[PDB]
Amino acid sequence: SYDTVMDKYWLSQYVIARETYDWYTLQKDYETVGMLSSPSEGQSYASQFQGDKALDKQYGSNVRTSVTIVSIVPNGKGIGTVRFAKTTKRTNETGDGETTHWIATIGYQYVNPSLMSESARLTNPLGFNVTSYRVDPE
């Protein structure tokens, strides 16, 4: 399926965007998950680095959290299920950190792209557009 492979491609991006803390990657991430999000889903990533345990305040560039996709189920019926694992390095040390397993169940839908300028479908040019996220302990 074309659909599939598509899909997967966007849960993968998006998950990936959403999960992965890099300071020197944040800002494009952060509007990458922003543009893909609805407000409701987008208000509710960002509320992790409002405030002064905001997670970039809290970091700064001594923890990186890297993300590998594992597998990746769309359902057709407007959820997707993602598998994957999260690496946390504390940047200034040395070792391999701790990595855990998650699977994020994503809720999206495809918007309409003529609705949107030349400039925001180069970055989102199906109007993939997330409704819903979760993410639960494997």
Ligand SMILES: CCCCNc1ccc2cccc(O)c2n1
Given for the second form:
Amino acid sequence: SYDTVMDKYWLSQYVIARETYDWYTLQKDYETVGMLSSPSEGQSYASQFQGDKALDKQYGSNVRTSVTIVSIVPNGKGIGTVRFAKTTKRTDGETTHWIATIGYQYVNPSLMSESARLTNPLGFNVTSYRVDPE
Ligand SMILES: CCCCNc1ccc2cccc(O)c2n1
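Having gone through the form solved without the named molecule, I am curious about the other one (the form solved in complex with the named molecule); can you provide its structure?
And the full complex, kicking off with our chain again.
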């Protein structure tokens, strides 16, 4: 009940943050992914925005990828499944569907600063992340 709803919330929040490309919210989404990810999942995500072919450098404000959550199943054992679709346009675009398998946990929220808890009250933490076509 409380746990399932709360897991769905954070799993939802993470996917939206991770799979959205929007130049004007990129920094916030980026830092959100970071705060909610393990160091390894963080650097994996961050690699998209590194180098001469970084997404931001390659898309600027001329592209937007919106995310729509279709369903979420926390398998109760640290693995969550998120079915979602992505729409990309050039500033009705192509729409594709996806399945995100997410390893995640909650770390003791007391181990954060207060500021950190405003972003991550439960210590939600994504240990692994993979997204496959459907
Ligand atoms: C083609 C979708 C594959 C899913 N992988 C990712 C993973 C992180 C992302 C961050 C910003 C924009 C995207 O299209 C992203 N796509």
